[PDB]
Each structure stands twice: as structure tokens, then as C-alpha cells.
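This document starts with one chain, in the form solved without nicotinamide-adenine-dinucleotide (NAD), laid out as C-alpha cells.
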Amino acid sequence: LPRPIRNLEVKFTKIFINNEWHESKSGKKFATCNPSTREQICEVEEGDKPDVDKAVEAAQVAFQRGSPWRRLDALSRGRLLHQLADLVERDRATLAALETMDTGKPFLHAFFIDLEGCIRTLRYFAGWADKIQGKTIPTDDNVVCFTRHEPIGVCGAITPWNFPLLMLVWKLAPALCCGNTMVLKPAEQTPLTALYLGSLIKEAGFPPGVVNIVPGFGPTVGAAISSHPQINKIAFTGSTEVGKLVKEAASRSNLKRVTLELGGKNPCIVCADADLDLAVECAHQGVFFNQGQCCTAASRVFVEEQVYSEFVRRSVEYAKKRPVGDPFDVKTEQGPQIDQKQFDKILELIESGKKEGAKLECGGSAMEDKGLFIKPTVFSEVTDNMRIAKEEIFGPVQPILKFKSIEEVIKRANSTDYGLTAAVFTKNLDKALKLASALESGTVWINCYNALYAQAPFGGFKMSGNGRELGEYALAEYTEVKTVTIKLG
């Protein structure tokens, strides 16, 4: 375990364009606060449309034919991405501390989970750079026909506050491996790790203008990126409602391509033949990981009647033993919620569950009347039409529902507008495969939870998103297909 850097001085708080640090055009700044100490960390430069316009023009010049970045051979782009992963591993403790200060997640979780995900994602996509291949297509005796997988051009990345550096790297790694240029917008709540990564990008040797970063707000920077007529592609992670606004702005303007990684109403199904202890620990971590602030969070834990009561009992014991406190402390498993708006919203849904009919098995209130901490809550006797079972909580609350048959639980799990992830716990080959096939979800985990790999694609069915991130499938979002058809005389 590394030593927690309790007091770190922030060095990077400016707009990053053409490998230079700039003040905002207006002079405006915004504060970034620590959700644990409830104190301001620093002020970051606040961008607007004029700053986005300078960042898009920087990215266009870097992408123009004959530019140093365009004439670089495929293996050199991979080398640059490996050089960046080395720099991320060198400054791993500085980066994880910035993530903890901005988000409130435990320092050890950001070090061993978020930063490991970033390094792995960068190394996997560095290896694809010289392996992006098109096809040679058989047609007629006198025709030569082939496809090229060309870069799209300028890519915009809009990232969320829960996993700020990870969600940025998920977009940056395949975009740069494909030979594109970028304009990044970190979340208004969490800009520090993105700005740190900027210095490492300059240090790794990327030509100026290949990566540009403009901190600021959704209605200003976000809207300017979504509607820009010179951005060819946008990747967005966040809520379904904001995702819809991004896609509409993209259509209305220049029909730029749009990847969306949105929310879900994720089911977690526990069969009567499951290894109950495994199912209890996995459903527990699936709900409470990152203070329940995960897109993959189990929002509906369906448990077969034969094991329901024991499942509830063993889950309650886990929830009471979960250490909540200072994220810079080695024993901490749960930090504070991101902000007052999220904290009050979780408590509003917890109160709703009480007056709807659920059985509060433990938790149900704040830890102390001073911080943003919520005690791990477990609700039993939860039904399909209750608010705690219908709405995305984004907090530490485990709603446990009951089911009798597989055909029934399939219908109940698929009755949502969402389809991000699903998890199934059973020892029976036929049940597991029937459920893997019939669940309308982008990822189905069997006898595990949150099992993510740089090489396995991730994304949603229905209103949980469009397109995929990770794996070879992420390259299709960052390339344009060109068919060359030559007729011989």
C-alpha cells in the first residue's frame, strides 16, 4: 500500500491548448471543493465558447494533412500511448490523491482500481495502433476493391464526476490510437486529474493540439462542444437526460457521430442454487462501491424465495460492518457523497422507501449532522412499483426484492427503459446461459460483479447508451469507413 499524500499542492488549474497553459478568455474562474473536508481546494480557469473555439482550431491544425501527427507511422502513435501510461504509473500516487480530493473516494480505491484501469486501458489501445485493418473485397475479375479505416478527425470528450480520469482515458486511448485529435471537457465538479494528465501528455511527446482541455460548465463548454460544426465526433458519459440533449445538439448542427454511456436500472439476480456467500459479497460491493455512485450499481437485487431470508440477514451484517470515513485513511471503504444536491437526493429516496412499505433492515440516515456521509442502508420487502426500486439512487442503498421463477424474473428485469449491466448468481449451466441470453443488457456478469477488462466492450442497450467503449469494438467509434473501387481497363 502506498503512503497517502494527505496534503498535496495543486499545480495545474488552467486551460490546456497547443501544449500551453492559458487563462480563460473572460478571466473567470470557478472553485473546486473537497467533499470530505468541505473546503475549497483551488480555483480553475473557467472556459466558454471562445475557449472551445480556440481548442477546436488547435485540434484541426494538428489533424491537417502533413501535420507531424498525421505523418507519424502507426507504431509511433502506439509508442506515445505507452510513454503516457509510463508517466501515469510514475505519478500514480499524485493522480490518485487528486481523484480522492475531488471525488471523496477512498485513496486506496483510486490507486488500485481507477489508476490501474487507466494504465491498463492506455497499454491495451497502444497495442491496437498498428493493427487497425480494413478489408480487401472480392468483386469482378477487372475490379480491385478495398476499405480503409480512417480516423474521424476532431473528437470531443465529455466526462462525468464519479470516475473522472478513468472515463476520460476510456475515450482518449482509442481516439489517439486511431490517429484523431481531441477537445476534452472534464466535469465541473472534478477537473483536477484531467488537468494533471495534460502536463503528462505534453511530457510524453504528443505534438501540440493533439489533446486540448477546457474546464467549465455543461450549458457553456459542453453545449459549445456538442454543437461545434468542426468537431466530427463526440463521446459522452453521464445521465440519460443530458445524453439526449447532447445527441440532439449533434444532429441539429453537423451530424457528428455520438457515443453515449448513460445510466441504468441494473438488476442483480440471485438464484436458489447460487453460492450464497459469493452472491452476498458481490451484490454488496456492486451496490456500495464508490458510495453507490457507479453507472454499474445494482439498483434491483432480485433473490429467489428459497434463500431470500438468509440473503437479507447476511447482507445486513456486511452493511453494518462497512467502514465509512476519511478517504485518506487505510481502513476506509466509503467516503462522503459528492455534494449537497446528491446527499439530500439520496436521503429523500431513503425517506420515500420508509413511507412506501419497505422494511428498513439497517441504516436510513446521515452519519453525523456535519458531513456528507450516509450510513449503509439495506431495504427488504421491496416491490417493483416502489421509488427505491424504480429510480436511480446513486447512493449507498440496497433494495432487496423477491422472485419465484426464472421466466418471471426475466420479464421483471427487462421491464425497464435501460439496459447497461446485469449480474446472475447460479451454479447451473442451463440457468446461467438462459439468463445470459434473455437479459436485455450490454454486459451480463455470471458469478461476479464489476468485472471490467480493457479488451471487453462495455455499453448499453435501449436508453443506457449508443455504441461501445473498450475492446476492439471501441475502434469502430473512432474510425470512418472509406471504400476504394478501382476499375482496370
Second form
Number of protein chains: 2
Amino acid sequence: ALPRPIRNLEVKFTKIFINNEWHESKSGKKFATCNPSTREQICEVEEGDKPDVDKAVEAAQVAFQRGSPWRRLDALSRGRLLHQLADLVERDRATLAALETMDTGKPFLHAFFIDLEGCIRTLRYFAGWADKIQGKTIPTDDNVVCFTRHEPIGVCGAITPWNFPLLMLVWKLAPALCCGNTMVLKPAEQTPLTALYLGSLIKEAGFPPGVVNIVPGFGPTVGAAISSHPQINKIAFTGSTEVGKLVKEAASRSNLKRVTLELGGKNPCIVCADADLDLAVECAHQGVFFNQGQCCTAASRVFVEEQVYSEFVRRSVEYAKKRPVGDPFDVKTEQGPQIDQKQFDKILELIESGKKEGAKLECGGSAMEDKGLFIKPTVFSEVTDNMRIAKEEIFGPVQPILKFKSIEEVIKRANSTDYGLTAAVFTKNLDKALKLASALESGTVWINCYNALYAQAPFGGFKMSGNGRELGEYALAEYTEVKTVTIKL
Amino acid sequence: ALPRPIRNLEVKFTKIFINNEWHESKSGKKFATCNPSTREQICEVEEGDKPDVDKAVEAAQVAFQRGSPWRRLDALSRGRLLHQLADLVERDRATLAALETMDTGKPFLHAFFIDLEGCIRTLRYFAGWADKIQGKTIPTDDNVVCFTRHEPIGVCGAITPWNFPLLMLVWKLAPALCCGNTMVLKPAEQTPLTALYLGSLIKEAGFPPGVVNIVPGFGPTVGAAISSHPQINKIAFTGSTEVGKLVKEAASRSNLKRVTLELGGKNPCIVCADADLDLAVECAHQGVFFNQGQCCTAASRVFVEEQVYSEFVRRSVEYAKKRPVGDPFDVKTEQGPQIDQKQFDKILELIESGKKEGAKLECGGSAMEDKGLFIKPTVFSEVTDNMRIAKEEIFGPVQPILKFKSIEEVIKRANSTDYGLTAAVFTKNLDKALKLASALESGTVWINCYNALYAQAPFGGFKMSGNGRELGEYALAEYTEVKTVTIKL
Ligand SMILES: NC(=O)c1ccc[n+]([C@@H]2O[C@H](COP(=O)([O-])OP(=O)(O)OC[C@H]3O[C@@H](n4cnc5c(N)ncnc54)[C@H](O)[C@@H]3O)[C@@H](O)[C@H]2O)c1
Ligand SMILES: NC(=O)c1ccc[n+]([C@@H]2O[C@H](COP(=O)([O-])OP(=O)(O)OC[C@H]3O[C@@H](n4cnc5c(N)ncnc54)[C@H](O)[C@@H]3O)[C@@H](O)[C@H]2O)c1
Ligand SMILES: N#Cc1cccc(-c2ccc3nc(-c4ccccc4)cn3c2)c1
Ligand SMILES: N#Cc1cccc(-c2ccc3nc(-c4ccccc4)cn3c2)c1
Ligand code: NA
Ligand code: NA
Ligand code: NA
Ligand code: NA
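Form solved without nicotinamide-adenine-dinucleotide (NAD) done, so how does the form deposited with nicotinamide-adenine-dinucleotide (NAD) bound look?
The complete assembly is shown below, putting the previous chain first.
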């Protein structure tokens, strides 16, 4: 029974969450969050700045202070708390999906069956990890006792983008909390509503005050305050590569806080001659056009082996025709509006760039109408490495298709980039599959699928696509400090 | 039969090591390395710069390229190569100890029975780890196969100081090499001889050319070229906290290369009333005066509980007077000269600061004589938190001793710092020992000992004393990138 849309439900939580209490800005300033579809203003949210960040950091330090209720808890009890938060999230699943779609213009069905699903699963997983975070006892000498503890790093700041506001937020809160940290979170300016509702849910679930604080605001104000705050021990950022460099160098400059970075990527897609062409084309269509093409794992490059190149292109064009584009709450829609104007502007500008460099076009190339921010699915052909459509992270609906002959060739080409978030390989041949998986400088390598994210499997970027990892057991390493204890007898 | 010092053996390796070949600096410039005890010039070493590092990085990139001899090697074969390097290190152990002591003025016995010992043990340990670097296979769905590979991160630059030139170099080379990386190393300007001799040994053992390249030179020229090189994937730095911040932020600005930082620390020493006062005094004396007090783990603050404060002070002073200080090659000496002229100057300057800020003095407080750069072992008393000898890393022979009453008190006081490298606790009480071990924000916590370093146990700093860890299995995490491979069926 697919739920029907929550038509016009009002917002309730719009203030700064600190010590389980709602506060007004120190300055009193407030900003507005708008609807990417209605093109009209949704509501107003408190606009925090450096003083509010100072207050939240103090709260988080007090909740983390030795002997605090949060510190004294059982590992199993922290896990139980995370499970409680997951239960609450599930109870209010439709409300959260509705807020998410209002804030991002994402299809309500997408928000219900993707964002919230991943949120719940991530919460459950890291809840399971809470009482299973184990260090080592080390052999050294007959008279010595040597072991390691994995302790919480302390206060952790989180900074998240607009494409998946809540999900990217859960990815950090879950592991950080199961390791017993305290947090200061900052949602994007565009989409702060889900984060504040989750703060209400955190309070309801019984987390001690000060363990999670939420301060909405703008990147250069609240973000900069967190990234260079002297009392924050860890920072986790997901966003653009440039702001990621800014954050990491601010952390280096301030207090040497540890940094996790989930950034962008020129994600390649590799189709081999022996592929299941139907599934390959379908998955490439998805990886290029899902969520309006605005996700960290967008396929920007598509290498096809000559033996099927033309056939692939043909089928690709075909598949692009039957793609729903309309109301986000529409049950038969797969693509909503864009986020703001700059992304739409530069997407059309680089479509125009590509058509002027010698690439055959077969689909779309314009905007449907001037009611929202919709673009027609575009499909390019006869693309080269030297073209901008093959070297710049697109972040939109466009499928540039290149041609290759050798395995070694496609390896060299795909790896020529500075990014390395994801890569996808489609082939039925065991040897080619495994050789490519081994050779691709990519943090995730999907084979005969796409967007296969799992709470149990680590996600992250090689090279300039990130530093640490989220999801999986690996996320735990970013939220713990190792201490050695050596005792002579 | 302990060997006597190799009296007057000439230096042989003084050039830039690249592709197993010795090169003169592109510029032709050279700098001079001197003997801190004889005060006379040891030798001249090639002074490399950005061009030299570019050449070395190109060598390392080609040696790491897919299909190279280094890549095609077996895990067990990499381990055997490391073991060969260890054998060679042991064969030439006396030459190397002589080089290190000539360069640093370290007691030759200390270099032979500590530095080279730790080097060989570290090499053996990480050689053992080579074929045991294993990822995971992850449960997900009935039709899915998910696993992770731990791959070499790529080209690794290493920057290491003068206090333990060869050891701090091995601490990086061993784990980096057992994981199948390639390296560009830069020893400190003061002490590059052991590194170049080690390069000769590296060639002899059979490492393919380009796997390890060494460019001596100064921090701002070669060091900066390394830290911000766009073709360096990882950086490992050991030195001062400020230069560490500089290095991490240059890495942030250049290409987001991963960073390991072993920095300084206000290493506390905590003596409880129920300690073995004799052992407490002996280990604190050693931890504050060993290697002339110029090591990362030097005890700069010594908290004593009132019940034993005065007696401790007495025994400490007495123990400090009877400490040999003379020729490093003299078999009955425990303290050689200082590092260079600036460090001796500032050590005496802060001795004067301490005596002029209100601390009772009982040992030294001036320079012994002017035959080398020697200082008499100094011991201060009745020092408080706010005094300069208790808040600035001493890095010399000086034992500031404070007084405490409570366990909670000493915990809060010790943790008030921004550093967190090491701490030492001396007590016979199980509960106090373990409670302190848990509460101290310290990367290493010795109990009833000091300077107990083990290749099997990770070493590193909390807070502003570092980022990653060296030694142990944990070091491996710093030299590998995690890749997820997900296959649908
Ligand atoms: N590089 C350019 O010249 C250029 C061109 C077009 C658009 N843009 C803008 O870049 C942004 C990309 O959007 P995005 O959300 O995917 O990535 P982002 O870089 O804007 O970061 C997303 C999250 O990080 C926060 N943040 C932004 N700057 C920060 C900073 N200096 N310090 C700390 N936190 C900061 C943001 O508040 C948000 O929560 C858009 O706002 C876009 O308008 C930039
Ligand atoms: N500016 C001052 O006020 C001042 C005064 C006296 C001494 N110093 C310096 O402090 C240092 C004492 O601490 P230390 O020598 O044990 O550790 P360190 O901080 O000097 O670092 C040791 C290693 O890092 C290298 N390095 C230095 N600067 C670098 C940079 N910008 N980029 C990359 N690599 C760099 C060095 O060549 C060396 O190999 C000395 O180097 C001394 O010259 C500074
Ligand atoms: N955490 C999380 C998260 C967030 C978003 C999406 C996903 C996600 C992505 C892909 C996916 N395929 C399956 C599946 C189910 C049955 C058979 C075969 C495959 C589940 N899947 C979940 C997970
Ligand atoms: N890796 C390494 C490394 C580097 C420098 C020094 C040391 C180091 C430091 C202290 C130490 N005590 C023992 C020992 C031996 C026998 C019985 C009890 C203790 C060995 N020890 C090695 C290790
Ligand atoms: Na908005
Ligand atoms: Na390996
Ligand atoms: Na007690
Ligand atoms: Na702690």
C-alpha cells in the first residue's frame, strides 16, 4: 500500500537545537528556506553564527565531560538509544519524507523509499556496532602488559549538502554516536528542516542533553565557525571539493582536528562488449539521470567497447525518451526540479559547450518550460577525452559516451582523472570484471549494478574525492582515537 | 664483548638518491652537516630543491605504475625484501651507529643499543605484516557479493627530524614499503647521513629503482615541495607542531593527500604516593634526561602527590647530579651535547626563565663547559601550572616538579594541555593505575615504566600532538586505501 502524499502539513521546528532546547539566534537574524518546485518560500529558520556555534560546542563538551550521563552509559545502552531513534524515524517516516521533498523538491516517493530507508538502515547498523567496538591486547615481552583502547574522539562537527540532506546527516551521526561522541551539526542553508525535525526526534528518544546540537546557517558563517573551532576534535564534511579543501585547511590551521571528507567525482561507467547491454544501458541511464543527476555518485563518463558502441548509443537514446519528468509528488515521476539557478545555468552552458566541440547529440538539450527547473534527458555520442563534457563533473542530466578497445586502455583513461569516488563495470567475463575492479583507482567499484549502497560496506573516495570512509565498520575509525597502555611488572 | 667506537671512519654517501643512483643537486648547491660534540664540520651534502623532488617523485610514480617490477612482486616477496634490508642494517650496524652519533652527538652506545635496535625490530615487524594485510568480505543480500581491498595509497613523502633521524625514518619506511608503496624521503638538514647510507643499503638489498628516493635539503625548499606536490598521495611528518600545521594545510591546499603527523607534547609524569619511589625517580629521571632531553616523549611536567613530594624531589636531585655527561663515543657517558646552537641557547634561556619565575632550583642551571654543547642536568622544584617550565615543551635536561592531592585533580591538570603524546603513571594500586590510564587524554600511557616503545604497539598523539599512528598494525591503516567491490548477480 503506497502511502498517499501529505498534502499541506506545517513546519514546527525552526530554531537552534542545543541541550535539547530550542533557541533564537544570538543576533536574532533569520533566513528563509524555499521550495524548489513551488519556487516560493517554504518557511523561516533561525540563522546561527559564531556565538551560537560557541554555545553548541560548550554544550557538547559538557555532555562529553567525564562522568556525564552520556559517558556513563552502557555500550549496549548506546546501541539501544540508536535503535530508539531509528524507531522514531520510522514512526514519523512520512513526515520526514514530506519535509525532505518540500526542501529539496525530490520526489516524495524517492524520499520515502530511498532517503528514509537508508537513514533507518544506517541507524540500525551502527546501533549494532556500539558494544562491539574493540581494541587489542598486544604481545610484547614476558613482564609487560600492552593493550589498546579505542576511545571516542570527542566533539564532532558535521557539515552536509542539499542533495541528500538527512541521509548524509545520518551517515555521520550514527557512527559518531555509537562510538560515544558528541556533535555539532550544520545542515545546508537550502535544506535545514529535516535536520531540526531529527533533533526533536533525538530529544524524544532520550539522548542526554548536549550530545547532539544543531545550528543552521550559512557556509562561511556557521561552517567556518565549526571547521576552525578550537574545541572541536573531529569534523566530517560532505560537499564540493573546493569547500572540502577549505575545511581541511581550516582544521589544519586551527587545532589539528581530524577530518573526514566525502567529495565529488568524475564517476566513470565502463561497458564491455560481452555485457548484458540492456542492464548496462539501464544502469547508466539511472546513474546519469537519477535525482535529476545531482548526487555524489553521478556517472559523468561512459566508456563503451567498440563492438557494441553504436548499439549501446542507440538503446541509450531509446531509454532516454521514456523517462518521466513532472510533479515531484507525482507517482509516475522519476525526476524533479533542480536545487537553485546556478546549477541549471551551468548545466545548459556545458551542454552547449559539448555540442560545440564535436559530440553528436541525440536527445533533449533544453528546458521543458519556465514553471520550474526541469531539463530534458540529454545523450551525447562521439565524445573524446579532450572535450569539457568528458573532463568536468557534470552534476546534471547528460550522458557523454566515449569509445574504447582495450582493457588496459580504458583503465588508463578512467584513472587519468583526479577523482575516484565510484566506478561501474558491466561484463559477464570473470577475468575482465576482476582485473578492472583491481585496476580502477576508485573507492567503490560496482559490477553489473549502480548505486548499490549498503550500511555494511564502506563508501568513500580515492584521490581528491575524499579522505576517510563512511558506512561499514570502516566509519568507526574516523570517530575513535587509539590509546596504547603499556604496563611493566 | 661490546664493540668500541669506530674512531675516524670517513663518510661515503652524501648525494641525492633516485632510481638507485646517486646524483648531484640540479643546482649544484651543497650544505654542511657538522658534529655537535667536536664542533667541527662532518661533511658536505647535496642541497636539493623543487626540481630534485620532482625528479624523485617521477621516479617513485614510475616505480608504482601498474605492471612495474615493484607492483608485480608478491606480498611474501616484499616481506623478504624488507627482511634483507634488515639483515643489511644489522651487518653495517656499527657504521650506522657511528654515523648517527657523529651527526647528532648521541652517545654511541645509545645509538647502537637503542636506535639501531628499534630500526631492526621495526623492519622485522612490518616485514612480517606484508602478506597479512587483509580486507573484508561483507554480507549484504542474497544476490550480492561485497568485499573490500586494502591497496597501496601510492607515492608517500616522508619528512623526519633530527632527534631520531634513522629511527623516525624507519617508522615510516617499514609500513609504507610492506604495503607496496613508493617513497620520497627528506631527512632533517642536521642529520641526513644515516638516511643516505640507508639508501645505499636499500639498493644493495634489491629494491627496484624508484621505490625509495631520498632528497636531503632544508624544510622550506625540499620539504614544502614534497608536502604540496600534486603527485604525492600521502605525507608523513615528524617534527614540531607548527611545521606540522603548515604541512597538513599545504596538503589540504594541493591535492588532499592523506597526512600522518607525529608532533610534540608536554609529556606529563604522574607519581603517586604508593609508587616505588626508587623506580619512579629513576624512570622520571631517564624520561626527562635521556638523549639529552631532546625526544618527542620527554617528560616536561612531573606531578607528585604531597605524601612523597619532598622525598621525591630529594632523590631526584641526587640522581640528577650523578649523571655522566661528556664525549658521546665515551662508553661511560649517558648525556652528550645538545643539537645545534639555537636549541642550546633557548634551553639555557628557559632555564633562566624558570629560575626567574619562582621555581626552586637544585641542579645545574648553567653550561658545564665549552668543549661541546653540554648542559648540566637541571632539576627544578615547587613549580606550578602557570610557569613557563611547566607549559612549554622543554626539549632538554630539566625536571620541573609539581604537587597534587587528588586523582581527579591530577587528571584535570594533566589534561588541561592542548597536547597528548604520552603520559607515565607510577603506582602500585590497580584502581588508580587503570583509572588514570583511562582518563588521561594521551596517545600512550606507560604505567611503572617510561619510553617503552614496541614495534607492535601504536605510537601517536591525542589532540594537537598528532593525527595518525605509527608502529603496530594501526600504522598499516595510514598506508592503504580501502576500495569496495560490489557485484550483483
Ligand atoms: N566554485 C564556484 O565558483 C561556484 C559556481 C557555481 C555555484 N557555486 C556554489 O557552490 C555550492 C555547491 O553546493 P553544495 O552544497 O553541493 O557544496 P558546498 O561546497 O556549498 O557545501 C555544502 C555544505 O557545506 C557548507 N559550506 C559551504 N561553504 C562552507 C565553508 N567555507 N565552510 C564551512 N562550510 C561550508 C554549506 O553551508 C553546506 O552545508 C553552491 O552553493 C553553488 O551556488 C560555486
Ligand atoms: N622561526 C623561529 O622562531 C625559529 C627559531 C628557532 C628555531 N626554529 C626551528 O624549529 C625547529 C626545531 O624543531 P625540529 O627541528 O625538531 O622539527 P621541525 O619542525 O623543524 O621539522 C623537522 C623536519 O621538518 C622539515 N621542515 C621544516 N619546515 C618545513 C616546512 N615548511 N615544510 C616542509 N618541511 C619542513 C625540516 O627540514 C625537518 O626535516 C628547527 O627547525 C628550527 O630551525 C624556528
Ligand atoms: N544505507 C543505505 C542506502 C541508501 C540508499 C540506497 C541503498 C540501496 C541501494 C541499492 C540497493 N539494492 C538493494 C537490493 C535489494 C534486493 C536485491 C538486490 C539489491 C538494496 N539497496 C539499497 C542503501
Ligand atoms: N620498535 C621499537 C623501539 C624503538 C626504540 C626503543 C625500543 C624499546 C624501548 C624499551 C624497551 N624495553 C625493552 C625490554 C626488553 C626486555 C625486557 C623488558 C623490556 C625493549 N625495549 C625496546 C623499541
Ligand atoms: Na531551499
Ligand atoms: Na596489499
Ligand atoms: Na580512587
Ligand atoms: Na578520554
